[PDB]
Each structure stands twice: as structure tokens, then as C-alpha cells.
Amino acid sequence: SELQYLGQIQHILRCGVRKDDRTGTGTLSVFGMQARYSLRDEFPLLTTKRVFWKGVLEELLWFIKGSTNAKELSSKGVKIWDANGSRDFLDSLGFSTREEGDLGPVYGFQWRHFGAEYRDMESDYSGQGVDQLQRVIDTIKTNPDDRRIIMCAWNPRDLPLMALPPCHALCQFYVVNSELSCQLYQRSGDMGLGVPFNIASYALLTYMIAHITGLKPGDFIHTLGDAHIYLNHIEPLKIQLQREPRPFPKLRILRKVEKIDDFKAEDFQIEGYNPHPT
């Protein structure tokens, strides 16, 4: 099913009109896309180009902890969020009083404390806001047929405080025949970098929730708003586009976990990941 991805990369490079991004760099853009990734006895960690798995793993565990401090992620060798929490950036946004690394009410905070009043990354928010993550887990356990199993990171109120608007605005879970599926609504997707990572990321979330709810991972539906390839990647991705997709690896969860919060980086083992070099 990695072909669907490549396909999406193909479709954008042959019907994708040009559209400049927030910065100034242009991109080839298509609006509204979807790809289905089976999670059955296999993990969708793209093989046509290596995905920064550690980053994926550590970032999610970071979202789950409810952390909004980029330093707590950087400490794990995953610096993908450091620039957005650096003294300069925070200042350029008007957050002069913010301790360095304080990203604001972002992903982690929304998932676990949606609606709560943000103070700073050091603050305790226990028992504050809606714990969407635990709610989806509990809903799955109690009413799997439920069609409102949603976790939304998009918080219009908190938007102005974020050291970045979330790309993963919303995700929905679905259960049938003891299979747990998840669909992500990605408002903006950098096909060349973020997307493969995001796919892996939510595939992981699903594996985790599945494992905790005693379900089997179903599918990960990936939906894109602005699916785009930055102009400077148009050829490199065309290079990748000709690479032969290899069998997806397998994600082994080593220990049984009672709660999403208990998962630790060492409980996860990617097996048989044979991605193309460079």
C-alpha cells in the first residue's frame, strides 16, 4: 500500500498546480487526498526513503506525555521541534516571557488537556481540559461501534498561543470485527518529509491503542488537505518515485501495557525495516 503514497507523489507531479507556501518557497499542490494503509501484521514505515523512526516514536510518546516542551523531546535525540521553541522564534512570535522550549498549547496539551487554560510547559494540568486520548481509549473499550471516537488537536482558541498550528488537526478511530482503524485529517502535508513520518506516527498510535484495548490494528486512512511537494524536491521525489517499494516492516510491542501513558520507547521494535538508502 506504499504504492498509494508514491502514487500520490505521482499525481501531484502531474496535476498539481503551483502554490506558494507560508514562507516564500513554492510547492506543487493538490488539495484533498486519501490513502489507505493496512496495519495488519505489518507497519507502514515507508521503504522508498528512510523514515526517521526514532523521531516518530519519541515524538508520539512526547505527545502522549502531554509535553509542550521541545527540550523534553530534544533530550531523546529528536530535534525536529527545537527550532520552534528556540529563544528567537518564541520572541519573534511575541512570547518573550516563555521559558526556552515552551511550544504553547500544542499537540500534547490538546490531546490530553483540550480546553484547559495554558500557563507554560512547566505547569501541571492534571485533571484539566478534556483528556481526548484516554477518552478515545475508553470509548473503544466501552462502545467500539461508536462513531464519535475523535481526538482533535485543532483548538481555534489556543491557536494564537501555539509555536505552530497543528497539521494533525484531527484523527478518528474506528472499530469493527475487533479491528482498530484510524483516520488522520492532515490539513497540510509535506509529501517529501512530514507525510511519511506522520503516516508512521499515527500507525504507531493505532498499534498502541489497539494493543491496550486488546484489538487488532486495522487500517490507517490518511487524508490530506494541502498535499504538496516543495519545488526543490520535485526531482528527488521523482527519484524516490522510481524506487521499488519493499515489504513493510513489522512493529513489535514488547510488553503488555495497561495505559497509553506507560508505553516507553523500549517497548517498540521495528522488525525487517529494509528502506532504500540516502
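Residue numbers count along the first chain shown, from 1. C-alpha atoms forming the largest set that superposes within 1.5 Å between two forms make up the rigid core. What changes on going to the form deposited in another entry:
- For the residues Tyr125, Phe197, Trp154, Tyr174, superposed on the rigid core between these two forms, a C-alpha shift of 2 angstroms or more shows up only at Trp154.
- In this overlay on the rigid core, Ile137 has a C-alpha that sits less than 2 Å away from its partner position between these two forms.
- In the core-superposed comparison between these two forms, the C-alpha atom of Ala163 has shifted by at least 2 angstroms.
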Contents of the next structure:
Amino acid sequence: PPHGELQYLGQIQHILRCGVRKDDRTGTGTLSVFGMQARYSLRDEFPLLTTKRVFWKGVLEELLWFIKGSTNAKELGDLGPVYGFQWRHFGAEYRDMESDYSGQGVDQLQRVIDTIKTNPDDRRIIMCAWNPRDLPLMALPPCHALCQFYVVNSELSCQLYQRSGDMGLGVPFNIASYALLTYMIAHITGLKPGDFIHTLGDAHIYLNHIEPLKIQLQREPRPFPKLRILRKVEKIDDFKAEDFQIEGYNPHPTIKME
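Instead of the form deposited in one PDB entry shown above, give the structure for the form deposited in another entry, please.
Lone chain follows.
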């Protein structure tokens, strides 16, 4: 039964071979394919990629920061609404990063947790993230990412749809990130993690990443690690970095893409 990371390596191989040239916002070149999907099992393993060392400590710390709702870069400097502010205070008007937003906006993340435990069958267990630069740009701007949860047989699955995905830098970091979110939610709802499904719109490789990813393709995945939560934790806000332990992670060396 093949290793999940073979999907990622195959998608990289496909973009290299079949991707078409397409420029991004800033006019920087990519090789691009529209529409991809991959599925990573979260059952007794954790999809932290092994063909390069992925920055797990930063996945953890940034996710914890989003879950706090912070718009204070210094906790990770008044950034405006980023993934925390929209995840915890969606639609509440944003003053400074120090302000007080209790009971203000939709709390998308708590709403997710609450629906899982009031109606696990619900097909609408959805949380969206916006790229901050889109918010001033237009009325009803499109989300950057939408995440859907699904529960069957006491297992929690998650599907992330991203309207674009940077295959070299952003995608491995996001697989780990939404896998960890799924572990965290499953933990507080008394469910077992199931699958993480990653779906992209414009899946792209930046031109300056082709060579480093060409070498990464030569590497054989090792068995994924396990993730342990080392405490019975109750509310999603109560998690801290020290509650998590990655086990049996043995990646190939770091690859710098910029």
C-alpha cells in the first residue's frame, strides 16, 4: 500500500512534464496545472513530508497563533485581519491588534467544533480563509482557502481547497498544518483523525524551484511520523506547543527554495 507522499512527488513530476508557463501577480513565472487532489491518511500516522525536512516547529507555532485570532505579528506590528481574525472574528470590524473582540463576528472555528458535536452528519462544516490583501480590494472577495470537515464512524476528515498552491514551498507546509488542525479538532470532539484531502485550483511550481524539486524527486520517502498529543485537552484555545510530540520523523535533508 503506497506511501502517501508518492502523490505529492507525482504531482511535482506532472507539473514539471506537463505544466504550462503562467505568470503570478508580480509577473514571476511558474509551471502550472489547474485541478489536483491528493489524500493523506491520518490514521496512526502524520503526513509531515520526508523527502525534505519540513519546518514542523513553525507549522505548530503559526497554527496556534491563528487559533488565538491574533493580528499581532510579534506574538509570532499590526498586520490587519489574517487567518486568525477571520477564523475567530469573521465580519467584526477590526481596529487595532490590541482591541477587544469577544462576541464580535462569526467564530468560524468554534462553529465548526460545535456543529461536529451537535450534528456530525452535517455537510456544511466549512471554515474559509482570505488573503488579507483581497479584503480592501473588492466587495465580497473570494476566499483563498476553504476547509470542509466530515465525520463518519467516529473519524474526522478534512478537505482543504486552495485556489492556488505553491507546490515547492507552501503545499508541504499546508498539508502539515491542516493535518495538525484536524488532529486538534478530532482530539477535542472525541473523534479519531481520518483523511486529509488536499485539493488545488492553480497548482504551480516557481521557475527557480525546478532544480531543487528535480533533486527532491530522486529521494525515496520514509515512513511518515506519528503525532502525539501528550495531555487531555478540552477547548481548542487551551492547546500549547508543548502538548505535541512528533515521533519517528526521519526526513531527507532540508532543501532551500526561495
